[PDB]
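Q: Listed below, chain by chain, are the residues.
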Amino acid sequence: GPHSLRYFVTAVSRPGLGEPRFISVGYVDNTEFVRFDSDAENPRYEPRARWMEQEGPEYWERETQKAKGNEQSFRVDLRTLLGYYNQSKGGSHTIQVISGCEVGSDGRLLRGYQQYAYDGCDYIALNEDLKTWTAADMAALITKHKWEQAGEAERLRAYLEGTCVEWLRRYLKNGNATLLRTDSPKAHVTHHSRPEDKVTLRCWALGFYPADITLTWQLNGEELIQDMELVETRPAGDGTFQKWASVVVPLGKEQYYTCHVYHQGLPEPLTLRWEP
Amino acid sequence: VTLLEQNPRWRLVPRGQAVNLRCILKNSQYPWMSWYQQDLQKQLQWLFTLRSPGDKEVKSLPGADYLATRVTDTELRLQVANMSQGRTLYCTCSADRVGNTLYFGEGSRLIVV
Amino acid sequence: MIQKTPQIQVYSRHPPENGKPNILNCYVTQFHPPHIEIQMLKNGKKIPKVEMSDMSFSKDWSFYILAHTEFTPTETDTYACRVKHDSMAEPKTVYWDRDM
Amino acid sequence: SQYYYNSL
Amino acid sequence: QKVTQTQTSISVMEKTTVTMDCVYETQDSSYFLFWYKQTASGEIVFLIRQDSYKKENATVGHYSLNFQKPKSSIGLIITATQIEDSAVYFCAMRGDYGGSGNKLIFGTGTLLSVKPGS
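Protein chains in written order, with the numbering used here: chain A, 2 to 277; chain B, 7 to 119; chain C, 3 to 102; chain D, 4 to 11; chain E, 5 to 122.
So here's chain A without its partners, still in its complex pose:
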């Protein structure tokens, strides 16, 4: 279907504790596929996914020197902002950037973009039109006006519509196979003390991928919309994820409640009950 290539960049300063830490992470369809950390010994632009190891050392050297160069401009920007905001040089700060494009199954551009953030707050963004900017405060206006006066958007656009796309095309060919991987969840239910006239039933789903999943409880066909306990889908630390949901049902009435699990990997939405 649709795909996208993005780059998440962070530049964080460590006042009088060395140079700022620069990290550029690359994603394809939300899957990290390349990375560059400056705090690594002899920094290199490492391939994060196997299907990437099929690129020539020429590419790896190119992208490494690109990052190093960006790491430099960023080291400068940090100081520039420091002055836009009149902030002590002694405090630490952060610049984050998100750049990339999202293309449709037709291979056409659906949305390109570039957003900046300073200390966790949106700084400036490139608009839908890929021609204008939107500043989020007095400081960003300066960058805005400069970038207007320099044609930055035009150059940036040129990258989002072309360079960025073509490379998304190339990465996908070498790794679509892998990007299709899917792991169906395994589910079981658990009964819990919960002292009183009630009990807790926890519906577990583990070892699944992608992280997208939905867990829901039912009482004799009708669905439960209240007092459902859920936990943010979490990484099992082995490529797969896990998540659970629970409800405190009146004791005895265990059977009357059933759990449901929907996941693109499953051939069909499994149904759990808890079996004594």
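Hints are computed from structural coordinates only; laboratory data are not their basis.
Note that beta-carbon positions come from the ideal geometry of N, C-alpha and C, so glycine has one too.
One or more of the hints may lead you astray.
[Stated by the list, open to error] For each label pair, taking beta carbons as the anchor points, the in silico distance ranges come out as:
id	chain 1	residue 1	chain 2	residue 2	range
1	A	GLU230	C	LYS47	28 to 36 Å
2	E	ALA84	B	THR8	27 to 35 Å
3	E	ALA84	B	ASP45	41 to 49 Å
4	A	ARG171	E	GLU88	49 to 57 Å
5	E	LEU115	B	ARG115	37 to 45 Å
6	C	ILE25	A	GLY152	47 to 55 Å
7	C	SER55	A	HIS192	31 to 39 Å
8	C	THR74	A	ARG195	21 to 29 Å
9	E	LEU115	A	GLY152	42 to 50 Å
[Said to hold, decoys possible] Calculated cross-link-like contacts (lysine to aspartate or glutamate; reagent style DMTMM-like; alpha-carbon spacing at most 20 Å):
id	chain 1	residue 1	chain 2	residue 2
10	E	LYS58	A	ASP30
11	E	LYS59	A	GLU167
12	E	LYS6	B	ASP45
13	A	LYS244	C	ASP101
14	A	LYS187	C	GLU19
15	E	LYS73	A	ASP107
16	B	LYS48	E	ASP89
17	B	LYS32	E	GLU29
18	C	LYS61	A	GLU149
19	A	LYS244	C	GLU19
20	A	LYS199	C	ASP101
21	E	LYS41	B	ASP45
22	A	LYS67	E	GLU47
23	A	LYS69	B	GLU63
24	E	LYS58	A	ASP130
25	A	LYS69	B	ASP61
26	A	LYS69	E	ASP100
27	A	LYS174	A	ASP107
28	E	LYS73	A	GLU162
29	E	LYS58	A	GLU162
30	C	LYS61	A	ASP123
31	E	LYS58	A	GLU149
32	A	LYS90	B	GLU63
33	C	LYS6	A	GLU233
34	A	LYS90	B	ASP61
35	A	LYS187	C	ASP101
36	C	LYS61	A	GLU155
37	C	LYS61	A	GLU129
38	A	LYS244	C	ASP99
39	A	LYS147	B	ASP45
40	C	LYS61	A	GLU103
Go by the hints and put chains B, C, D and E onto chain A.
A: This is chains B, C, D and E only, laid out in the frame that chain A set:
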């Protein structure tokens, strides 16, 4: 009405005598400064680009050994040493890292006497 | 300019099988700045060896990282994840609940 | 392929 | 990264169309072509630029470029020349990536001589 102030404008010197050039930025909108050499054949060549106060760097082209430093946000220096042939040094300023809008100063014509 | 406090989540990779070896994960997210010190205890201990995933961030700008350390659950084995971060005054530590 | 970021 | 200008010198009458060639080389997908002027006083002056990602030829003053991406050519076209245009025209391309930006690569240079009428 000019962006950079380059000094000394010219210099006559006996081969080997070291020479100190200085460049002054008269506009905060072009903090990206660089050094360019133009040899006696009129050929321009890039030497350095120092953006931050503190940045030091050396390079050696045939005929001269250089050493440039971005002393302050407004002062960029250069130290020409062991000069064997004439050359004129150009100081340049640009709005940002990308460039594409670099203005050349008047230069520092250095002559070997 | 604003700081975001962490969200801790300690849980096992596989279901806690008393006696049998497993991996204890301490998932930390929703925080900013990225400066954070994460450590895993054991009845108050401080398991010296503790692998830490690389850090990344979500489209809302906040960071998230995954810490773990191979272990073995026992009926009387306490486990927690102490986390120090500029957002909180004192390190909020959360204990591992085999059931969660 | 990464973008050549400019200055803020 | 070999921007070259073959013409050592060009002498032509005023009010005449003169075209100064410049061939270039770069691997970068995006880049920038430039044309500068130097006078007897010894000062360089920016004239016009070309953006690799614009299929149309740039235009400023009476200067015009014949950008031909497929043939890496980007000559300068000075129309209705005069006694002031007489100078040395340099052709330059900004390109390498990272340690570039403010690193332009200049050509050997071509001296234009605009001969008056009387």
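Q: Would you pick out the hints that fail for this structure and give their numbers low to high?
A: Numbers 3, 5, 9, 10, 15, 17, 18, 22, 32, 36, 39 - these are the hints that the structure violates, sorted from lowest upward.
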